[PDB]
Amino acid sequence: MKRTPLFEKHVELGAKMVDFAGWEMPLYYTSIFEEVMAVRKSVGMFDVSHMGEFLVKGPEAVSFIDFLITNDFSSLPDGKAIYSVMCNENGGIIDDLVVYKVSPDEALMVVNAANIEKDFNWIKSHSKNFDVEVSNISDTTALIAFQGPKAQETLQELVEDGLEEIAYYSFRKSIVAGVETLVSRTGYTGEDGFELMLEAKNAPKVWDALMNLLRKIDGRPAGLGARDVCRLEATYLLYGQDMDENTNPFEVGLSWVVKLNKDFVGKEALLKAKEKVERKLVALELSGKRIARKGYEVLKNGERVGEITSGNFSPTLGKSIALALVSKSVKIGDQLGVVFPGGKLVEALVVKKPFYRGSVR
């Protein structure tokens, strides 16, 4: 499996390793629940160096990005990032991502680990008519997520610039624990927090410095187990589980990242798609302790209405929770049934999204 520049650190901390998108990653260090608690109460630090980063440099960086993504990038000012999806000609989601507008001549794209190759090939196969050069810097770049209600007050000590100034989804080049870092107020937890992008060679030192601070505030390093629990609670999506090329943005609650007033790949397909949205992604709270998994059939009074996309147990709400892609007819308050292996039906209630809103700005 692929190894992050922090692999040795994880093993040393005694984390239980798991395979994620071909990467050898920490499922947890102590326990999934203790790590989720850390994120919800103090600080949870995640190694997300498996994420990919692409650089788009050139006079037409802005137009190129605006052409590739569904969200409006042509308006973003320097130092601002944007969440979006990138669609194919048929409106299918190739991947969701975050693009940083460094300057009119430079944009940075952070994409999902499992999609680095697919994404990069797609982006490069579309740079032809744009005065830009696209490069993949993933191989030498690391990314650390410092998340929690106490993330800022804890991290400040090591950052030479004021974190307060950095607004939600804004970023700034600064120095962290003595190394150049691209610091953004972004996250996947539902709590306040930042992501620290840096040269892979400097990841070990930054991680150790941060670990030092965590022990002081009773925070903790957090693995993929806690990452999935927190993102699901926050009701954020995970490409491949909740959406893929067989779903368009409107079907999974991402209409807000699609701006049809501009031109982009998949535009025409999406105009038509918007006219007939036949599916939706709903939040479910199941009865019992069993966790629903992707693919489990979801029924309404005995008739199929869709299927589970993501499932897990939320210690924050003390409930088995799930996301499910179902027919447009399903509404909040409905009593559904989830078919577990062996045909066992488990009751589920449709609830308003998101399950939980923390300290995120």
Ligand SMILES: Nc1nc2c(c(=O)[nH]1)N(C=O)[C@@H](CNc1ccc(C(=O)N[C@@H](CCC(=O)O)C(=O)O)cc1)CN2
Second form
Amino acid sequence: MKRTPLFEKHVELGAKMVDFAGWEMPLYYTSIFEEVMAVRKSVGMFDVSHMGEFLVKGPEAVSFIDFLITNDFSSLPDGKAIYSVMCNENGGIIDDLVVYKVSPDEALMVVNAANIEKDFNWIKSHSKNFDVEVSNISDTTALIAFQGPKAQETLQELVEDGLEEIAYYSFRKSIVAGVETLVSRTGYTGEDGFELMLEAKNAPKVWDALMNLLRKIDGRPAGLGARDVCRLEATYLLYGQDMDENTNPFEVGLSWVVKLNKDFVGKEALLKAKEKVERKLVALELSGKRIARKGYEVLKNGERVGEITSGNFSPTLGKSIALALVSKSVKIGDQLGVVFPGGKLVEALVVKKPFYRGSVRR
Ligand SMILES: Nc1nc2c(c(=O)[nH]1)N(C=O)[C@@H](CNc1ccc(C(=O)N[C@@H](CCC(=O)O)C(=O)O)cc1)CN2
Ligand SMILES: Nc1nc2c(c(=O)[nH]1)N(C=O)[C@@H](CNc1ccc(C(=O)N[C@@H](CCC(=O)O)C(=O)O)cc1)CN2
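Now show the form solved in complex with this ligand, given that the preceding structure was the form deposited without this ligand.
Starting with the chain above, the whole complex follows.
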């Protein structure tokens, strides 16, 4: 398996290692619950160095990105980041991502671990008619997520610049624990927080400095187990589970990141798709402690309406929760049934999204 620059730190910390997208990563250090609560109460630190980063350099970096992604990048000012999806010609979602507008001549793309290769090939095969150069810097880049209501106050003493000046989905090049770091007020937890992008060689030092501070305020290093729980609670999507090329953005609640008033890959297909949205992604709260898995069929009074996409147990709400792709006819309040292996029906209630929202801003 691939190992991030912090692998040794995780092992030394006694974490339970698991295989995620071909990466040897920590599922948890102490327990998933304890780590989720650290994220919800103080601060949880995640090693997300398996994520990929692409660099787009050149006079036409802006127009190129605006052509590739569904969201409006054409006017995004310097220092701003933006969440979006990238679609194929048929409007299917290739991946979701975060793009940083460094300057008119430079943009950074952060994508999911499992799709680095796919994404990079897609982006490069589309740069032909743009004055840009696309490069993959994943192999030498590390990324740490410092999330929680106490994230800012704990991290500040290691940063040479004031964090308050960094707005939600904004960033700035600075120095953290003595090393060059791109600090952005972003996250995948629903709490306030930051992500620290830096050269892989400096990952160990920054992580150790941060660990020293966590212990001071009862914070915790957090693994992928907690990462999934918190993102599900926050109701953020996980590519490959909640959406893929077989779903367009409108079907999974991402209509807000699609600006049809501009030209981009998948534009025409999405115009027609918008006219007939037959599916929707709903939030479910199941009865009991069993956790639903992707693929489990979802029924309404005996009739199939869709299937589970993501599932997990939420210690924040103390309930088994899930996301499900169902027909447009399903509505909040509906009593549905989830078919577990062996034909066992588990009751589920459709609730309003999101499940939970913490200390997050804009
Ligand atoms: N920098 C970064 N890039 C990344 C991730 C990440 O965690 N961090 N991802 C990790 O899997 C994937 C994208 N998944 C994500 C899904 C939702 C949100 C998110 O913050 N959604 C807020 C956005 C609010 C706004 O733009 O104003 C929301 O839906 O409310 C972020 C990443 C790929 N790229
Ligand atoms: N005291 C001091 N402060 C300083 C600097 C310095 O040299 N000394 N810097 C001097 O410049 C900046 C901090 N250093 C940084 C330089 C680059 C990146 C950065 O954006 N790195 C990207 C590079 C790849 C890309 O842009 O595509 C990355 O982390 O991947 C972050 C911090 C601002 N403050």
